[PDB]
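2 protein chains.
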Amino acid sequence: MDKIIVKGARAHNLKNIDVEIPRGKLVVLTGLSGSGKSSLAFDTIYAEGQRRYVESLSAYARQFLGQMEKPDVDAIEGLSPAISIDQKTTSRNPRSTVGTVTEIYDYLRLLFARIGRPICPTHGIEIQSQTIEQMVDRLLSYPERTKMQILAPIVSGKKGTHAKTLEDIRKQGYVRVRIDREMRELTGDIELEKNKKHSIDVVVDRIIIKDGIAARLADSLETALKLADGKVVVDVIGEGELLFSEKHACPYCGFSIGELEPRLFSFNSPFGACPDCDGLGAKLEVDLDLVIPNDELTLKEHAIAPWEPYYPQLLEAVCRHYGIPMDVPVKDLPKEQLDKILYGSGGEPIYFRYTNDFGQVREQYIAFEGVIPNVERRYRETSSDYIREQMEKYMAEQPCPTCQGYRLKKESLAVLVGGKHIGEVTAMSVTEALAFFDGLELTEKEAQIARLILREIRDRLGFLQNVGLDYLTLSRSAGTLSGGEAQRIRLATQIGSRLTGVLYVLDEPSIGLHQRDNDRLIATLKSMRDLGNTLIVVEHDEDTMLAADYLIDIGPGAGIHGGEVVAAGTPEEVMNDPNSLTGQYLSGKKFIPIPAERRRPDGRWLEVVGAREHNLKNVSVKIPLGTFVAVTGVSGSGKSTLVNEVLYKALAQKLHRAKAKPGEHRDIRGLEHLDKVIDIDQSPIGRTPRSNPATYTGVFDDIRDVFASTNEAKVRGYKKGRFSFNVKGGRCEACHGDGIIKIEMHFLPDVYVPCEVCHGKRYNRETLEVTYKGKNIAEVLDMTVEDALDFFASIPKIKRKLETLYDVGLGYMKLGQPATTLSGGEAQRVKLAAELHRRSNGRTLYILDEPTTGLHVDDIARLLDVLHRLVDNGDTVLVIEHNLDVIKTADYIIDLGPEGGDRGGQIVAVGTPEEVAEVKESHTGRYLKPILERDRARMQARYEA
Amino acid sequence: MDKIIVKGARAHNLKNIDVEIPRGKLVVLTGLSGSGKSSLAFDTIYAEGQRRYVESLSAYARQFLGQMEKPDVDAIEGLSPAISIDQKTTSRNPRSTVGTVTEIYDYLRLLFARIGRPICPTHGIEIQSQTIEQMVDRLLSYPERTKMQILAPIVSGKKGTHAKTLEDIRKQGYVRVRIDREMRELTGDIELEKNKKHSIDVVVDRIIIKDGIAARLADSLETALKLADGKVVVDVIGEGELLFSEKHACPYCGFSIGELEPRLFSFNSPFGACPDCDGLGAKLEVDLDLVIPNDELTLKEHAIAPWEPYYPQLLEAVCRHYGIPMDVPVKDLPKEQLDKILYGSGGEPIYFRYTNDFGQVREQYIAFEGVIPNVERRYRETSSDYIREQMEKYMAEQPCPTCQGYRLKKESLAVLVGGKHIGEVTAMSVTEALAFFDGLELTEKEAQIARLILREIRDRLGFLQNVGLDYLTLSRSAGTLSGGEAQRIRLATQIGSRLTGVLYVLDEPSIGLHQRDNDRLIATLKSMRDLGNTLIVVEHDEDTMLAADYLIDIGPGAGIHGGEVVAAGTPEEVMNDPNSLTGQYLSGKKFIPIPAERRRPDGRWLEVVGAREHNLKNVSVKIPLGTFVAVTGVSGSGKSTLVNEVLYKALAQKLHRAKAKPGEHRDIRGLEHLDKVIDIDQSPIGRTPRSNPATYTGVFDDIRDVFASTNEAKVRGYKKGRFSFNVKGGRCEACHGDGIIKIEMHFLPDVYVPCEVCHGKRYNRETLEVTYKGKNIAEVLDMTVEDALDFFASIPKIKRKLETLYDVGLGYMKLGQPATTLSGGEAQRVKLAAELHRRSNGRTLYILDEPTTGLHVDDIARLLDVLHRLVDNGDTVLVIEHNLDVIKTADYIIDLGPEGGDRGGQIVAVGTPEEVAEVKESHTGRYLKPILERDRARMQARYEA
Ligand SMILES: [Zn+2]
Ligand SMILES: [Zn+2]
Ligand SMILES: [Zn+2]
Ligand SMILES: [Zn+2]
Ligand SMILES: [Zn+2]
Ligand SMILES: [Zn+2]
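Residue numbers (PDB author numbering), protein chains in the order written: chain A, 1 to 309, 314 to 949; chain A', 1 to 309, 314 to 949. A prime marks a further copy of an entry chain.
These are calculated hints, taken from the structure and not from any lab test. One thing to keep in mind: the hints can contain errors.
Identical copies look the same in the list; a pair holds intra-copy or inter-copy alike.
What the hints assert, rightly or not - BS3-like cross-link-like pairs, simulated, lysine-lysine; straight-line CA separation at most 27 Å:
| # | residue 1 | residue 2 |
| --- | --- | --- |
| 1 | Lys147 | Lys414 |
| 2 | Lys449 | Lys247 |
| 3 | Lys283 | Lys397 |
Produce the complete structure using the sequences and hints provided.
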């Protein structure tokens, strides 16, 4: 009908709820973190929507799908085929690019196939293919009474008499030839000098342009072409020469390309893939920078990383031999001393005696190879996934020298459209490419053949621009993207589908998107909506909820406290509902208060100097320590690059001797102001179901100790291994301690189906016979963090760890919920739980990437309480954010790049939120200034009453 | 709505017709051969129906499909997603089986995966997998107060003292063991004899069956299992021993199978495929029968086929050496004389001098290898697709000795269900398998797990039975089937789909189906129809049209004469319509008259003796010559086997020295009564668009001679090669003379899209400038056979060839219609055109396989006129038919096998149609007798008036 109705859903924490959702309108689900938004939107509606359709694709599909586990719902009528847009269904697997995922690159292949003009690499001439028809036509183009001279280029500048020739075009009975530019009569006693080059062009027929001259031209052309192996010269009189050859081949060198097909431009096909790399575009060779961490480390104390505890004594051998000193800061070493040890003696024998691990001496007489060819050789020769991975650590990816990293054949790159070939177009940014196709100038036929293709390309690029991804390149690897970037890329791709009658389910599409470009997102969503489709968007953003048609608020609280439907109607009706916790924030009843004062920076500053990694413009910044710092700026400004790729990696290689190669920068000062830098990543916790909050926090380690110490375990001799999750002693031998069997879904994403032997309890029958206060290990692993700390108020050591998970924002999630099923924000927060409670010496720096992701404003409050508590104890908290409710709370903000892409990568404004708010050139402050003034008045309104 | 309407279709010969078709009812299209039945049903309705759906599967699909060539129709509303059932979409590609195509085999894999009991090959015991839970349970099954003796089988009959052992289970501190059946106390000074076997079973714990005995049992089991590497003996007191091991492994030999998955039983996966053949089930080695055509040919005149004009002189060398005589009928040769030459000297040096092709002599001293290892070696070593194919001619397929031809692993065959494994079940016939699953006896759990699978298997088998294919095996190769068998297999498979709202388009499903089983076909069609689907069936059969709801008769005549809708309504309304040519036959106004007398056989008989090839039962038959012979019988009776596999191949190897190995038979007499045997196959004419009626008949050869002799060609020097279809001289260089470019459809069947350079004219511009009576070669190649002979009444040699195509039944089809687009019957008929006009010496035998296929009864008349004209001139016409209108016309009929499968392959009745009609045991005569009496009265009714 005109609305989708769902009856009695109980996905996870849902309380047998009924809910109506308006068809074909922008519906927005909201609530606190873990109130059950995903349980309804994704685990219920989208699950049924996908299943019901895919289950009807065939019979085997219905047999395979109908036997598994269907969502926990009574009935849900008014459904439509469902398509989810989240981070869960975006490709992070190599060989894939932005061009491939957005489907744009395929359209590019099609374009190059249709109208692409293939050229000879050597000669740079558009190699053409004809039948005789198209040959005659062009010759007919010239006006009435036009003359020419058909020449069959029999010989083209070849040294040699050609006496074997001149007899035979004379044997046949020709008369008119052209030798070394001068034309001559046959039987004219012609002789050519042996060691001299000669250009012979036989003069077949010579015509006047008149009526019906076709058949004669024709015939003469066939003659001439049969003479010089399908090669003919059409020397015009008055103008210049014209040449034919037929088939995709060059008239001057043989080089051929046959036919223009799409797969000729694909790097997932041998029809297009480069030979010297097999369409990878990336080699894998030793980086000089990885071999030596710092350019100034004592060679006596293992300056070279790979050769580190035979080799240390080889070092001694070559050093002795060449006179290379041991006690050395590599930086001051002469270049040859380093060239010998790094690249080899080049055949010269080096004496080398060494004591084995046993103790016996064995002298040799080797021709030393070097440190780099050592790594390459040992990595290349071994067929072990262990040794390889041990040597790959000192290697990096370097663009294929043959294909220039374009992954395609040299003849595939020979085809160009607008003077640019496929790879060059791929290497542009979305802006650059959009501009390219705007300014691209074609012919009548070309544009008429490729109208439908060009419109699609332009539209897709424009979509990527709308979603705000107009900075990244089409050649950008898929795996190198962020979560938001990937989700939004899938969003644009999906916009390109133009589907109708589809129930889209988006999860927080404003993730990693500056507030400025919010309206655009909203604008495109509705467009999708206005294409006869229905959107169910799970958000927390204000404007996304204000521009919404309908608006459902889910569950007062999280976990067992939520799972209900608080308020539901227009964003004006939910706004005017006291029960809705969310409405209290939109109306302004409850809000996040601006600090009375901001922590003025002391004398401690980090100084990043000369940062020029990606789109950074020789940038130099000063980060204040002991304060809440927010690095803001539009997406594409390179916040990730500065904060993570440059700062964190340098600080890590310095403070913890990390091996990650830091981004291009001059130097970083104030390094003495702190001891440890913790980057609380947003990457998942574990990659197997073996990992969970309890495991990652270390709680599960202690939790086995209490079971091992209980009465029954003592008399059963179970220890802290029988209750161990990954230990054969007591775990379910069927699932091998996984608890959940992973089924193989071919085109659909893989599904976790509970182990039918342990029923998901993850342990065997006898292991769970051992009880602790009326509950076994499977039962306690199933407990909620809140219920857990309420259960373990007993042991202080368990308690102080669970308390971290509680303060963090969670406490609605279970101890044994597998890490593969955790939201990115949830994972980041479980890590925040690990770093939360530590004895702070006031000299450590935390780095959080968008810790807002997946949180309600009300949750942002508590989280900010936690972080500001970390700042209070002397530590420094750095945060990459777009969420204004956090930016305003910060004591110091560093705004990056005006606009994104190459238009940016430079500091727009630094200082306090107010100091940046009064910067007109900053979009951040342009959107922050009215929020500062809004909530500032809200407080004075409250304070006056 | 409730009916599908098509407006203004002009597919091929359609005359801009409008037609309404009733939804969800058995609609039947009929008419004369080439009236435009396929043009409407398949080239119009099904084309649009498939396209409209597949075009909506994605965006790239719509882009790829919408740019091609859509059917020539105005509009066609009320469409449904379309699925065609014909011979065009059945798999003839190797590795595929009946089980795979009907999807049944996959269900078999599923069944064997779910409930299959894997057994050890060596020991024949069901290898089991457990956790400790399932171990304890079975031990708990036995009543209260039951006793046992837990034994950890540490050593199992190993020769050796085990002094290293007995100290260590004593070092730990055990006491109770069991050695060589006798139990003993540790520290009892135990010594075992070195060269004697010893059986040591340590006696862990000994219990009474009581309450909560779990944990103790449990613990002791873990102890014992950890003792003997997860192996334990549970020796019961009163009964016998019970053994556990956990995981799919055998307690006595190690052998393992891990887990039961479907892909473990697939031969299209390395998880199931045999090692020594890679899941092919077929080797490929030299057949002794192919090396020597007859067992009695002069060795002087190349008795061995492969060694036939070096080798002839090698023959002389080995013959000299061993004393093997040259002038020899191989049959009388001693076995060793033949064993030496065939299998080799076995190392013994043979002198061998030979004269090169040059003339010089070169003596050698080789160790002769033989004639067979010669072939195997030369075939194996060469990597050329030419040499290989030259040696494969003397080779045959022989079942893989390792896997018994079951293509699966030895451990895959270890799994059995009803005492039979997967391959044995696959090797049964549909009847045998159906009976097997009827009589299969299972447990509660097994039957409960596999109910849905078993029902599907049973249903599919039953469907195959309904369509009449209950004789062939599930293991039968897909490529070895006939056209009707494959079409009908696809029909059954499609019945199994249970789809709804689908527009099925069948093409003559009664092909290769005896009249008896017609009602069944009709019965299932309706079932499909009664599943909310609409069937459009193109037929010619009476009963199929009588049982029809609606019934459309297309086009009065074929070609340009048809393409319209004559009559349309119920089969009672079309029956009572004078305009309908078909109705005149159903009503009985016009019919095929029974001969006044039948050609009594003279003294010439072919005598097939002792035929036992497939399901033939030592059969011996006498075929009368100089008469119209019809070999009839139910499908599965082995008509193909007798007529083609036995008779034709023997007659061919004798009369034309054909190399095809004839079926198993004793002898064939009367071979002196004829000179040539022509089998007019129903296989296609050509496999490329290069072949067509004009080419196959040889008309196109002469047709180039007239163009080569015309005025313009003389002055242009074009000859019988410039106008040649496959010659660069004048053909379209773009399509390379194909005229139609073949596009690549991945999951859909491949489509032919016209060459955009020659517009399908197949020649370049200048070649078609040469004219003959106002028409060029492209134009004349486009002409209809009728219009052609009307155009070439001129040249008698062209005329007498086109006339054959006319008399045949065609003459509505064009000269240049590519052979890949010809119906099987059409092809067979174009061959009938080739053999039609020849100077008959009265001593040749024709063999036609179901020449009725794709013909109206009215066409059957003319065709029978032709064939009986062939019989009139002295020749003999043999025909394999189910069509009663032909069988009744025959002068002599030979009915095969009562029922099909192994229930058959024996003569039911021979003689005149009336003599077989009075045979009660013949289904043929049981259905022929009332037709004989029907039309006999129709004639007397006409004769009396
Ligand atoms: Zn060139
Ligand atoms: Zn490359
Ligand atoms: Zn398990
Ligand atoms: Zn065994
Ligand atoms: Zn095999
Ligand atoms: Zn062509």
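Problem set entry | Violated hints - listed by number, lowest first | 1
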